[PDB]
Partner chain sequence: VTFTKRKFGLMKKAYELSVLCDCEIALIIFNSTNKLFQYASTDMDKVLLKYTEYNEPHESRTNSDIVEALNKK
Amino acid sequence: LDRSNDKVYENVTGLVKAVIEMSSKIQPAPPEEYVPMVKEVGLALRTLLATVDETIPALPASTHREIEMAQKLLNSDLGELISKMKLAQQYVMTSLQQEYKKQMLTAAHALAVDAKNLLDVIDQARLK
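Could we see that chain alone as a structure, in the form solved in complex with its partner chain?
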């Protein structure tokens, strides 16, 4: 059954995908399934830090180490997020499943905050 020329298949698959997508946003969130989600967080973080690594030398020296610290803060933020994800998986169906879901969301909040500060610190270094 070659599907290279089946538009019916394409639209049915597209329809099924929107339903699964809708159900995953309404109905959370089996741990173990967290792993690809946190991976994409770590990947998008890597390209950002590598972007900054090649960008820092074009910025004034008086801002180098204020930027390098916000980098390391984001690294700890990621390893911190990974720690909570593994704890939520260990308690898939226990009293503390909800407890570590909340702590992941706290580490997610900190990633957004400390990345925005990394942006604000770089925006300040540009003002020359």
The other form holds:
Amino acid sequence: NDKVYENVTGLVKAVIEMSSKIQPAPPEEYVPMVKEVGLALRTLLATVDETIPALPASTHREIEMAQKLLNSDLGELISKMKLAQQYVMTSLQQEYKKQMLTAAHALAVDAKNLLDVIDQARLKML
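In place of the form solved in complex with its partner chain, the structure of the form deposited without its partner chain is requested.
The next block holds one chain only.
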């Protein structure tokens, strides 16, 4: 349903458009890309926090679990990003540009999982 769905979509969109800009773009333009995805992530997390109290208390812990995973993913992304910033040598750059993409997408997939967890909790209200 919308609020949460809309912000999950915004995060996926952000991941797609950061992934599009990786290949062409230098390093000097890698933190900004990740910064944007991170800001899109924070908005989604705050949106889920606002939705938690209206869901059965027995679903909280799991929702939190899905929330923490995304933070871990963002950490893994920034981690790969550091490597692509430092090593501009082509062979190393192509490799780390690739690991950033893969890590960014892992985030989009867990964002979707968080969504599935919210819907599951909403259905528990039946």
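Residue numbers count along the first chain shown, from 1. Residues that one form lacks are left out of the comparison. Rigid core (definition): largest C-alpha set, two forms, superposition within 1.5 Å.
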{"query": "Core-superposed comparison between the two forms: the option from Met37, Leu43, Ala58, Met93 whose CA moves 2 angstroms or more", "finding": "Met93"}
{"query": "Hinge rotation between the two forms - smaller rigid part turning relative to the larger, in degrees", "finding": "180"}
{"query": "C-alpha positional change at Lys17 between the two forms - rigid core reference, Å", "finding": "20.6"}
{"query": "Value in Å for the CA shift of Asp114 between the two forms, taken after the core is superposed", "finding": "0.3"}
